[PDB]
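Encoded as structure tokens, the following chain is the form deposited without this ligand, with no partner shown.
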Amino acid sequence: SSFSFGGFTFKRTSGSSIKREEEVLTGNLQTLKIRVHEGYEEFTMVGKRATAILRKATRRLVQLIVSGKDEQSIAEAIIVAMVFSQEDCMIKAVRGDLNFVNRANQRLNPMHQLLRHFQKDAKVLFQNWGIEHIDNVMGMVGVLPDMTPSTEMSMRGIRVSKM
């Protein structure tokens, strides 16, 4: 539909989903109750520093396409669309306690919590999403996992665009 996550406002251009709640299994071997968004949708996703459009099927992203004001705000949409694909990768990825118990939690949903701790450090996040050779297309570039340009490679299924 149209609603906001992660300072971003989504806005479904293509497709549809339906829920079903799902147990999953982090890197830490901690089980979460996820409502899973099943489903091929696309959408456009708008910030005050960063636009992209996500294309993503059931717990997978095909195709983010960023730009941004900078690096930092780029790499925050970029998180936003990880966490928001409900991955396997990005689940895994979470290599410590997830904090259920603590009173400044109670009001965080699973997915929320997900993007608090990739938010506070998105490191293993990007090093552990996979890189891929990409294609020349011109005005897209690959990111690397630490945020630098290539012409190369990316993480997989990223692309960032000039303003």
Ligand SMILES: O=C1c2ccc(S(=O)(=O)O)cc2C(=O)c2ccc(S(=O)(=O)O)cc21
Given for the second form:
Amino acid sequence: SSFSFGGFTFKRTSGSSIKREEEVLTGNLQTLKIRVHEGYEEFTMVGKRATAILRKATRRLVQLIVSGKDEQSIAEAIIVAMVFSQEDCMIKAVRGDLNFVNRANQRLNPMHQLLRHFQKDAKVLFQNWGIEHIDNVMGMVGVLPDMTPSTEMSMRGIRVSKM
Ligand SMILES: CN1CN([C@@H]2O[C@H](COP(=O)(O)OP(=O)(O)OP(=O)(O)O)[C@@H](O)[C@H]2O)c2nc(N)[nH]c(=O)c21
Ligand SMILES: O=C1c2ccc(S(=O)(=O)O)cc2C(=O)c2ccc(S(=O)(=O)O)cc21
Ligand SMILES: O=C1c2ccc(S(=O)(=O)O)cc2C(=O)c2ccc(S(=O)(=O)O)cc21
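Other form of same protein, the form solved in complex with this ligand, not the form deposited without this ligand:
All chains and molecules follow, beginning with the one already shown.
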């Protein structure tokens, strides 16, 4: 399967899923209804400024390896992937209310609301995702919550690759 989300063409390379409508609670205890894809899947994300390779289990990002033009372009893809993954820590990183009433937001489903929320500011999302020690595996660097490259540590599951 092939589809678009957040400016990225996703192509499924492995795995399969069944979709199911589900409720989640934000960090502000707001209920959002999202369509959850159940099953382990692997995708290539093709964007105009970044490309990535995404592994996900149900509502869990397992791994993201991102290549791109620069910090912003690569963060853009990291944010898209984190939202797409539908992980609870991404949803718990929403600390205030999401506005479904105002006219400019009527086009947006909860998934696109979340995306927009993290595009405006990814700080809380990145801080609360979690961190891990990494290996010196080559071409690949870790990236810290402030998007600084690291050879020791990285946001959980996330690697930045050289072009
Ligand atoms: C989390 N997602 C989302 N997604 C696909 O990404 C596209 C983006 O749409 P979406 O806004 O998440 O949901 P969608 O089903 O289209 O609309 P809605 O739920 O508002 O009725 C859709 O084609 C959707 O099927 C996915 N596709 C696969 N294969 N696996 C997944 O985990 C996911
Ligand atoms: O808070 C929401 C809301 C929450 C979740 C979804 S859903 O995720 O599309 O099911 C959708 C919505 C809404 O569409 C909506 C419309 C009107 C109000 S109200 O004016 O605060 O009563 C709240 C909301
Ligand atoms: O094997 C790779 C490698 C393979 C594929 C890509 S890709 O272009 O992103 O697919 C990228 C890469 C790399 O960026 C890279 C960097 C450094 C080494 S090293 O000389 O063994 O240190 C190997 C590699």
